[PDB]
Amino acid sequence: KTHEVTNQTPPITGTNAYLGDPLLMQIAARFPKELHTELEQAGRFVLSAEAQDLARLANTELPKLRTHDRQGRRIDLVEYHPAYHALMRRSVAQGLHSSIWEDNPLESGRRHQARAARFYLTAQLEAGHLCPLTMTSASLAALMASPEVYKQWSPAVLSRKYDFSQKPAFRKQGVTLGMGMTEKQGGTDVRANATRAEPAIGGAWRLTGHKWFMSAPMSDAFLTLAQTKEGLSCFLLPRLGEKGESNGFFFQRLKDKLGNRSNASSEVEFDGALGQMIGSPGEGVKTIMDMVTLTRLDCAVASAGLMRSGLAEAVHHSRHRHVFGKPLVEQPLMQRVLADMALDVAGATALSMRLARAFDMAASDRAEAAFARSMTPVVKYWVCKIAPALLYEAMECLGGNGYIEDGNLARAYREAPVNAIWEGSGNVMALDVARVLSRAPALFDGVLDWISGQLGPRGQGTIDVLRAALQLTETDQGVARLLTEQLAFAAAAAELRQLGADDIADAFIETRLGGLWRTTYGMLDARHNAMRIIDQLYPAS
Amino acid sequence: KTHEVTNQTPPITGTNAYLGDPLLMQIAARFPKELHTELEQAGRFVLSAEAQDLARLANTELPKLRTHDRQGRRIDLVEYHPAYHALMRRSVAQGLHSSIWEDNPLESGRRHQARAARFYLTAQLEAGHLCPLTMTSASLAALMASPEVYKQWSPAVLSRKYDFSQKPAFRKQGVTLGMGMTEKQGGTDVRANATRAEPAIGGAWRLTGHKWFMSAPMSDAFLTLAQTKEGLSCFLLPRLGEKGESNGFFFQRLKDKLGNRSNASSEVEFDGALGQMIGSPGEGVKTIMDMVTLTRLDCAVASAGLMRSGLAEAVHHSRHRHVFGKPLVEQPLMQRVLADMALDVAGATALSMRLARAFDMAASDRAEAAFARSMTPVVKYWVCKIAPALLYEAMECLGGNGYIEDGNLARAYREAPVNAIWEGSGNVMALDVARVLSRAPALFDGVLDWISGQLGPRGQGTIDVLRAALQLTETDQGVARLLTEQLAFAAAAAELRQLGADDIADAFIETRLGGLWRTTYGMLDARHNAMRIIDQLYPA
Ligand SMILES: Cc1cc2nc3c(=O)[nH]c(=O)nc-3n(C[C@H](O)[C@H](O)[C@H](O)COP(=O)(O)OP(=O)(O)OC[C@H]3O[C@@H](n4cnc5c(N)ncnc54)[C@H](O)[C@@H]3O)c2cc1C
Ligand SMILES: Cc1cc2nc3c(=O)[nH]c(=O)nc-3n(C[C@H](O)[C@H](O)[C@H](O)COP(=O)(O)OP(=O)(O)OC[C@H]3O[C@@H](n4cnc5c(N)ncnc54)[C@H](O)[C@@H]3O)c2cc1C
Ligand SMILES: C[As](C)(=O)[O-]
Ligand SMILES: C[As](C)(=O)[O-]
Ligand SMILES: C[As](C)(=O)[O-]
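Protein chains in written order, with full-length UniProt numbering: chain A, 11 to 551; chain B, 11 to 550.
In short, the hints are calculated from the structure, not lab data.
Incorrect hints may have been included.
[Stated by the list, open to error] List time: in silico SDA-like cross-link candidates among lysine to any residue, alpha-carbon distance up to 20 Å: (1) A:336 to B:415; (2) A:74 to B:11; (3) A:194 to B:204; (4) A:336 to B:286; (5) A:74 to B:415; (6) B:11 to A:216.
[As the list claims (entries may be wrong)] Per the computed footprint, the stretches of chain B lying under chain A, defined by three or more beta-carbons under 8 Å from a beta-carbon of chain A, are: (7) 13-22; (8) 69-81; (9) 191-201; (10) 238-249; (11) 387-396; (12) 409-415.
A virtual CB, placed ideally from N, CA and C, is assigned to each residue, including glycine.
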């Protein structure tokens with residue numbers, strides 16, 4: 011041999027991602043014991059060596075579109091690696107697509123939070139297959155606009171048996187649902203959709219057009235927007251007909267994507283595809299409003315989990331990798347970088363779960379409903395859009411191996427932009443935040459009141475900043491991103507206080523609410539012990 | 011047809027990346043006429059459809075390691091797509107590996123700046139093949155430590171004829187040089203290297219060990235660190251022997267990289283590889299100090315070019331893509347986001363080229379030499395490390411297509427971290443700054459005087475901030491990144507004043523030096539006039 015291999019970091023595999031995360035455990039502290047037991051088992055699974063192999067395979071053995079069979083007939087099939095189906099099977103059995111719609115007494119009053127904690131853990135393992143599960147869970151809220159259609163589909167949708175066979179949906183053990191919104195001329199401006207729907211025999215509708223981005227193409231049906239005589243309408247469009255034949259779907263290509271690669275995203279064209287209208291004619295936008303809101307929470311929770319998993323690897327690496335004779339984690343500068351990132355990961359996780367809590371409490375508490383209506387785009391804006399910069403710095407903490415695809419940080423870095431881009435990007439979230447202030451000032455008083463209650467009298471200066479930003483946004487729409495980010499900082503700070511993470515909150519408040527312009531991590535002085543921040547959030551395991 | 015395809019952005023291909031960049035033209039305003047002509051031709055090349063096809067192919071048709079031939083002999087060859095060799099050929103013919111060492115009277119007093127302007131443009135086209143050119147240009151500063159080896163190798167190294175054949179080095183039309191430094195147990199702590207060098211017949215040395223990341227493996231020789239009885243020493247190690255036979259290189263694998271994929275990076279093991287010592291025994295670290303410094307300017311210049319190119323695409327898209335009946339560039343919020351990114355790209359470009367100017371003036375100006383020694387890690391820290399976050403936001407400005415690999419932003423986003431990581435990352439740059447503060451505080455006094463002269467009396471508040479940061483860093487090594495980033499902000503602001511970009515400087519100073527903690531772009535109010543910033547830096 012020419013050399014020895016020394017000073018290598020042992021893998022994080024085999025430990026428990028839930029029990030290694032005290033902030034998450036505090037977030038779940040009031041869950042019933044049965045949920046704690048399930049989260050510990052989930053925490054063990056997502057760091058197991060077998061699960062990590064499935065995640066690597068799903069993202070390297072990529073889905074393939076087969077437009078035709080060997081004799082020249084169209085079949086419009088997308089084939090996946092078995093690893094994809096194994097992840098789907100377990101997450102569907104776990105109810106990640108269905109549990110908020112189920113009647114489970116152990117989760118009463120906690121359905122969004124219980125699911126969000128599971129979602130957060132799974133996103134640390136493999137994020138791509140979460141897309142069909144997010145769309146399936148959220149799609150049922152659109153189906154509520156037509157209760158007969160909900161009653162018809164929900165038994166099949168809520169089934170916890172995953173079924174990827176090419177049977178018609180009504181013969182499958184369970185079904186999944188997708189979304190056909192974006193067209194080539196725009197995904198934001200859905201009223202510019204040119205897909206058209208025309209009445210057909212039997213009260214159905216026939217659709218002709220295209221959708222430029224349709225993820226999870228082997229879903230059994232798709233919520234789709236199309237124009238009718240009275241405006242943009244929403245439809246439930248099955249991929250297959252009752253005998254299993256194609257329903258006018260023509261897949262053109264799969265996207266060659268930066269990340270999210272385990273999840274096939276197709277370009278599709280429709281020729282006479284038959285479907286049911288969902289909601290009132292011309293009310294397509296209103297019909298899908300609650301569906302989109304549900305996907306935005308998932309985008310935040312998953313981005314937070316992505317950041318958590320990437321930073322845990324950086325902290326763990328620092329504890330074992332020696333440089334100049336001692337572990338990297340004993341270097342003051344590495345301590346400041348790791349602790350500074352931990353503050354944002356902590357704030358993003360607390361805020362994302364606080365939004366889930368507002369969803370659970372909205373029906374019984376007007377102030378929580380106010381938070382739920384107005385802050386979903388704030389949380390999606392900030393949590394998702396900080397992930398690329400933070401995951402890059404976490405990757406840099408690994409040195410050269412961090413840049414190599416046989417690890418996890420490269421894949422997570424490639425993944426991070428998708429949650430921010432996939433549905434409403436930053437500018438769309440921020441304008442949404444400003445519109446709600448223009449139409450419902452009372453909602454932001456309620457949020458400001460919750461923030462002020464948690465920060466206490468010392469936080470009144472932050473409240474004044476937020477009011478000034480709200481008022482300035484009415485003067486100038488261009489400052490809507492400033493308003494959105496400041497709201498997120500303040501709400502994350504408030505929740506860290508609510509959770510009792512007072513050392514974390516102190517340092518978070520001093521920097522994000524009191525510090526100066528910065529562009530890189532590590533902007534902490536010695537006033538707060540950095541090693542304590544790191545040990546509190548990433549205890550050595 | 012089922013639908014019409016409408017509201018699409020016309021391609022930016024076919025225009026001129028140099029003439030479309032007023033800040034760059036201002037930076038080059040005093041270059042001789044012949045240099046202006048050459049930059050205009052390069053500006054057209056990097057946006058031409060032909061060149062763009064080469065850049066795409068070089069990054070999708072990946073190099074393959076061939077350890078053996080089909081009969082089972084070791085050959086240790088790496089094969090590239092012809093597009094890689096075409097980019098190398100043109101860049102070598104342009105002297106990107108050699109021009110600072112040439113005696114070109116047209117570039118007298120400007121060698122580093124003239125090369126940096128070319129580098130900036132080429133990085134907008136294809137960054138991966140720049141790695142061997144950066145290493146080759148920088149390697150000559152180390153070879154100077156042994157002047158007889160410099161005389162022996164420099165005609166071949168400085169040749170503008172690219173030659174990728176498998177001939178021995180002195181039978182080729184020109185040669186390139188790489189770097190064998192990082193080992194599995196560490197790339198930062200090179201004194202923990204375990205590769206060993208032993209005396210051989212004829213005054214040569216035999217090396218046995220491994221290098222964990224060796225880019226451009228078909229380079230003709232590599233500057234390599236290995237242990238001798240006196241400590242860590244530097245060696246020039248040819249890949250092939252005098253007859254074209256293997257010189258004890260055993261390539262194991264190529265890295266499967268996030269980005270930079272046109273540039274092969276190998277894992278290699280050395281078994282009795284014959285080389286020449288460069289510099290004194292045990293002085294390997296000192297010998298490669300200037301070589302490393304040169305590569306650090308290149309990292310900054312290229313990262314600035316990456317950012318410039320990605321933001322130019324986002325601005326161009328906004329001018330053509332309609333949403334809600336008007337161009338995106340007419341939406342106030344999109345204007346704030348684009349302008350806010352433009353301020354960092356302008357500051358990073360100005361600061362990087364200002365470092366190049368310090369390199370040109372160092373031999374004749376003590377204040378400029380002080381700037382070059384103390385601020386090289388500052389520029390590399392800030393310019394390279396802001397690129398990932400900025401290129402993500404630029405990608406988001408394109409919408410869903412931004413995330414797709416048939417465009418350019420996804421590749422640039424994957425490229426962006428490599429300049430920060432490839433040689434000394436942020437923590438290493440910041441500790442470099444802290445060491446210079448500890449061992450030679452007067453160098454930063456000179457930097458502050460230069461900043462103060464450019465900012466004018468209005469800037470005393472920024473000087474006081476920098477003094478406080480210097481004092482605090484002497485107290486606490488842990489705040490070294492704060493000192494480093496504040497120095498970059500202030501020097502970027504000062505250089506924008508030096509360039510006469512006073513509207514850009516005004517807006518940059520008020521935000522980066524006077525604003526609040528932020529994590530995303532778009533933090534400008536109406537006083538900064540976002541549309542004028544965009545039109546001044548990215549004219550349609
Ligand atoms: C991996 C992936 C999967 C996806 N899956 C699906 C799917 O299953 N179904 C589906 O229908 N779509 C899907 N999408 C598409 C996605 O929803 C769209 O890209 C998104 O809606 C934006 O639409 P666009 O690309 O047309 O951008 P545009 O509408 O052209 O917007 C471009 C940019 O301008 C900004 N902008 C927009 N409006 C304004 C304004 N008023 N003022 C200022 N700035 C503005 C946007 O925020 C964005 O940054 C997916 C996207 C990705 C990347
Ligand atoms: C694409 C690519 C190409 C490369 N090509 C080459 C090449 O051709 N030749 C070559 O020899 N190398 C090459 N490298 C290797 C590269 O130079 C090393 O990754 C780098 O030197 C860091 O070494 P490391 O991975 O061992 O990290 P480590 O030395 O283990 O450090 C890991 C992390 O700790 C930080 N750190 C280190 N010391 C300290 C400290 N004292 N205090 C605080 N933080 C600290 C680092 O900044 C980094 O964040 C390449 C790397 C990449 C990504
Ligand atoms: C609504 As069904 C899948 O049971 O036909
Ligand atoms: C960060 As804590 C409140 O779980 O110690
Ligand atoms: C961007 As300018 C140097 O023309 O002000």
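Hint by hint, here is what the structure shows:
1. Distance hint between residue 336 of chain A and residue 415 of chain B is unfulfilled; the C-alpha atoms sit about 41 Å from each other, more than 20 Å.
2. Restraint check for residue 74 of chain A and residue 11 of chain B: not satisfied, since their Cα atoms lie roughly 25 Å apart, outside the 20 Å limit.
3. Between the alpha carbons of residue 194 of chain A and residue 204 of chain B the distance comes to roughly 56 Å, so the proposed pair goes past 20 Å and is violated.
4. A distance of roughly 33 Å separates the Cα atoms of residue 336 of chain A and residue 286 of chain B; the hinted pair therefore is violated under the 20 Å criterion.
5. Using a Cα cut-off of 20 Å, the hinted pair residue 74 of chain A and residue 415 of chain B holds, with the two alpha carbons roughly 16 Å apart.
6. For the given pair, residue 11 of chain B sits about 16 Å from residue 216 of chain A by alpha-carbon distance, which is consistent with the 20 Å threshold.
7. Look at the segment 13-22 of chain B against chain A: 6 of its residues bring a Cβ nearer than 8 Å to a Cβ of that chain, three or more, so the hint holds.
8. Using a Cβ-Cβ cut-off of 8 Å, 0 residues of the segment 69-81 of chain B lie near chain A, which falls short of the minimum of three, so the contact claim is violated.
9. With 8 residues bearing a CB less than 8 Å from a CB of chain A, the segment 191-201 of chain B meets the requirement of three and the coverage assertion stands.
10. Requiring three or more residues with a Cβ within less than 8 Å of a Cβ of chain A, the coverage given for the segment 238-249 of chain B is violated, as only 0 such residues are present.
11. Only residues whose beta carbon comes within less than 8 Å of a beta carbon in chain A count, and the segment 387-396 of chain B has 4; three or more means the coverage holds.
12. A count of 6 residues in the segment 409-415 of chain B with a Cβ less than 8 Å from any Cβ of chain A is obtained; the coverage claim is therefore met, three being the minimum.
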